[PDB]
Amino acid sequence: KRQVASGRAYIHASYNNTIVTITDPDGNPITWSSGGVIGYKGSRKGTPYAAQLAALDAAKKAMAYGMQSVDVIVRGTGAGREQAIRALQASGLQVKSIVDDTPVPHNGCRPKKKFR
Amino acid sequence: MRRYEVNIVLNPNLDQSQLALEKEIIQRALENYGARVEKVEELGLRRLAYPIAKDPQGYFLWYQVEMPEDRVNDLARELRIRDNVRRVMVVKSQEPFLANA
Amino acid sequence: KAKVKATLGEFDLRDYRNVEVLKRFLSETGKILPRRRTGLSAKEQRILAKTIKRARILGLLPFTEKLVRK
Amino acid sequence: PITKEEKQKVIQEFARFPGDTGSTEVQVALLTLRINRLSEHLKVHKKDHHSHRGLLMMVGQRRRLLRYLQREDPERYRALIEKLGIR
RNA sequence: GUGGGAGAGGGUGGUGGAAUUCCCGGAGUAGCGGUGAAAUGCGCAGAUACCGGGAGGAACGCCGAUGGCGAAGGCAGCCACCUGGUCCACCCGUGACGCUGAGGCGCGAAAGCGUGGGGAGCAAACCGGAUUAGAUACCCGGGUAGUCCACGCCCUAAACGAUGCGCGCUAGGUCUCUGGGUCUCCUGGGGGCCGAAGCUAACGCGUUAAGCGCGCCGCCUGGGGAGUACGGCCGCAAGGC
Ligand SMILES: [Mg+2]
Ligand SMILES: [Mg+2]
Ligand SMILES: [Mg+2]
Ligand SMILES: [Mg+2]
Ligand SMILES: [Mg+2]
Ligand SMILES: [Mg+2]
Ligand SMILES: [Mg+2]
Ligand SMILES: [Mg+2]
Ligand SMILES: [Mg+2]
Ligand SMILES: [Mg+2]
Ligand SMILES: [Mg+2]
Ligand SMILES: [Mg+2]
Ligand SMILES: [Mg+2]
Ligand SMILES: [Mg+2]
Ligand SMILES: [Mg+2]
Ligand SMILES: [Mg+2]
Ligand SMILES: [Mg+2]
Ligand SMILES: [Mg+2]
Ligand SMILES: [Mg+2]
Ligand SMILES: [Mg+2]
Ligand SMILES: [Mg+2]
Ligand SMILES: [Mg+2]
Ligand SMILES: [Mg+2]
Ligand SMILES: [Mg+2]
Ligand SMILES: [Mg+2]
Ligand SMILES: [Mg+2]
Ligand SMILES: [Mg+2]
Ligand SMILES: [Mg+2]
Ligand SMILES: [Mg+2]
Ligand SMILES: [Mg+2]
Ligand SMILES: [Mg+2]
Ligand SMILES: [Mg+2]
Ligand SMILES: [Mg+2]
Ligand SMILES: [Mg+2]
Ligand SMILES: [Mg+2]
Ligand SMILES: [Mg+2]
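Protein chains in written order, with UniProt numbering: chain A, 11 to 126; chain B, 1 to 101; chain C, 19 to 88; chain D, 2 to 88.
It should be emphasised that the hints constitute simulated quantities derived from the structure, not laboratory data.
Accuracy of the hints is not assured; some may be wrong.
[Said to hold, decoys possible] In silico SDA-like pairs for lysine to any residue, Cα to Cα no more than 25 angstroms straight-line:
(1) B/54 x A/116
(2) C/68 x B/41
(3) B/54 x A/33
(4) C/49 x C/36
(5) C/71 x B/77
(6) B/23 x C/35
(7) C/49 x B/77
(8) A/106 x C/48
(9) C/84 x B/46
(10) C/68 x B/2
(11) B/23 x B/5
(12) D/10 x B/67
(13) C/41 x B/61
(14) C/84 x A/88
(15) C/88 x A/44
(16) D/5 x B/91
(17) C/61 x B/94
(18) D/48 x B/69
(19) D/8 x D/28
(20) C/23 x B/95
(21) B/54 x A/113
(22) D/44 x D/20
(23) A/106 x C/88
(24) B/23 x B/44
(25) B/39 x C/29
(26) D/8 x D/20
(27) C/41 x B/46
Make the full structure from the sequences, and use the hints.
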């Protein structure tokens, strides 16, 4: 009910999960998916196969919205952070460009004990 | 009195009345603090690398001056108080260190 | 690979306003290039870093950028 | 701070003879000038401790030179002290 | 003295972007988070993800080094001001004015104390979830003091180069920071690495001495008892000498 025909795709990948949000050219989201949206529940959500399935499910929902041309934004690191982009390439969506926009601070905040 | 370089980045969208007004206000600030104006370079419209005050562009000014030291910070404050002036960087003048001479 | 200073003129390392030549010393991202790729001396690099930061605060050089093709 | 104008003024004021630069009198004069400058800088900025250590060392050097002067010629020592208002 | 130089040396004020958190709004469904697995937890009062706006605190990515500065503790965005130390060249001035230094005095990471502010993130104590024979721990979710600032205390440390300060003498080679020079190089002054002689119980040190000497200060005399007791002094206390 939107007929967007083009937009962005953000891939947020961590070591616990990978989620994909397909949005429109001025930033508002259209659809999304993740390792928990699909069947997987626990650490299974962080596997590259779950990332592939999440990307494919989000891409098919975007097809339902009528998406053809997609620009890719990537933030984070984890298993399947690349597999998401591979499935997104071979999903039937013409990939416009891939961009890694992983937010990194200029050393402002103190991390948790795990990250030091 | 030391030699300084005042960089002024202000709103680009001004028309001539507003721009001349802001420039003459900068002039009056330079007068009131004892700033002898040695030279001036007005670049104007320029493409910023990152948006400043929600605007992707800015209007540039550069003044090489000679003024007393203890007044530089107060002059910078008075220059900043103006709304349309978005950036004020006063820099002590230096000699042109070259490279690949 | 070519180092920045190798292909360049007799330019001012203290001019924070010349974006044309200071852009050469930034990476694909907004990061300052190491001495391995700039071919500068320690003193030259130390001056270039401060001039680059000055240009950044004046909105002339990017504080950070986005990586492509990743 | 201390520019060449003020420095040369003091040196030409405290010289034993035209051209003299490193007399004990001139050394103590320039020392006392920097001493007063720093101590006025330390009236404000009570948390500037490294400059205070510098001031301690300057006081020590000035006191050593004054002790030497008093040992060699007491009269010139009295003249210097009265001229600078110390001790 | 003159003339140059490098620097996260210190203090004060200003100021920039990234990120976290929170708030407003837009768009958008069903999970997010987390782990070796999980669960507490958060989510239909609309989260997570995405976009725009606002607020606030703290810390300064790339540059960055095996680098620099400082007496030590220690010191990294940028700008301005106030200020310390130091190096080099000129061979100009004074004419032994030097070295060390019991006591004294000052400085002194972090944590801790007092009064008043501040509070994002982190986080002793604490509250829960797990794990386990048990879990008072490691792992996960919260969370106060604190961490931050002003002022006044506290005087400890693996406060380490486990190497007191100063001066002279004794092969070089290599990398480096910073000056000067007639600039394949030389000559100072710092930071490393090999290694002459020599030293060392050995490891190792070796012109940055742990070598050859001189001056002065501090300290040592088997381990446990014990940095305890008593006494004194200092401290609001903790406690310190
Ligand atoms: Mg997970
Ligand atoms: Mg303004
Ligand atoms: Mg500094
Ligand atoms: Mg400072
Ligand atoms: Mg909302
Ligand atoms: Mg609920
Ligand atoms: Mg619930
Ligand atoms: Mg608040
Ligand atoms: Mg680094
Ligand atoms: Mg040093
Ligand atoms: Mg200085
Ligand atoms: Mg002579
Ligand atoms: Mg003589
Ligand atoms: Mg001494
Ligand atoms: Mg003592
Ligand atoms: Mg302390
Ligand atoms: Mg503390
Ligand atoms: Mg307190
Ligand atoms: Mg926490
Ligand atoms: Mg915890
Ligand atoms: Mg239990
Ligand atoms: Mg000894
Ligand atoms: Mg040279
Ligand atoms: Mg050397
Ligand atoms: Mg060597
Ligand atoms: Mg031997
Ligand atoms: Mg060795
Ligand atoms: Mg020695
Ligand atoms: Mg020995
Ligand atoms: Mg003892
Ligand atoms: Mg015994
Ligand atoms: Mg004890
Ligand atoms: Mg007794
Ligand atoms: Mg007692
Ligand atoms: Mg008592
Ligand atoms: Mg104790």
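Regarding the pair residue 41 of chain C and residue 61 of chain B, is the alpha-carbon distance no greater than 25 angstroms?
holds (21 angstroms)
Do the alpha carbons of residue 106 of chain A and residue 48 of chain C lie within 25 angstroms of each other, as the hint requires?
holds (23 angstroms)
Would the pair residue 23 of chain B and residue 44 of chain B pass a check requiring their Cα atoms to be no farther apart than 25 angstroms?
Holds. Residue 23 of chain B to residue 44 of chain B sits at ~12 angstroms (cutoff 25 angstroms).
Given hint residue 2 of chain B paired with residue 68 of chain C - CA-CA distance at most 25 angstroms:
The hint holds at about 21 angstroms.
Would the pair residue 8 of chain D and residue 28 of chain D pass a check requiring their Cα atoms to be no farther apart than 25 angstroms?
Holds: residue 8 of chain D and residue 28 of chain D sit about 11 angstroms apart, inside 25 angstroms.
Check the hint pairing residue 54 of chain B with residue 33 of chain A against an upper bound of 25 angstroms on the C-alpha distance.
holds (23 angstroms)
Residue 61 of chain C paired with residue 94 of chain B [C-alpha distance capped at 25 angstroms]
holds (16 angstroms)
Within 25 angstroms, alpha carbon to alpha carbon, are residue 54 of chain B and residue 116 of chain A?
holds (22 angstroms)
For a C-alpha distance cap of 25 angstroms, please report whether residue 39 of chain B and residue 29 of chain C respect it.
With Cα atoms ~22 angstroms apart, residue 39 of chain B and residue 29 of chain C stay inside 25 angstroms; holds.
Just to be careful, I want the Cα atoms of residue 8 of chain D and residue 20 of chain D compared with a cutoff of 25 angstroms; is the pair within it?
holds (14 angstroms)
Is it true that the CA of residue 48 of chain D sits at most 25 angstroms from the CA of residue 69 of chain B?
The hint holds at about 23 angstroms.
Is the hinted pair residue 41 of chain C and residue 46 of chain B satisfied, with a Cα-Cα distance of at most 25 angstroms?
holds (15 angstroms)
Checked against the numbered hints above, the structure breaks hints 7, 22 and satisfies the rest.
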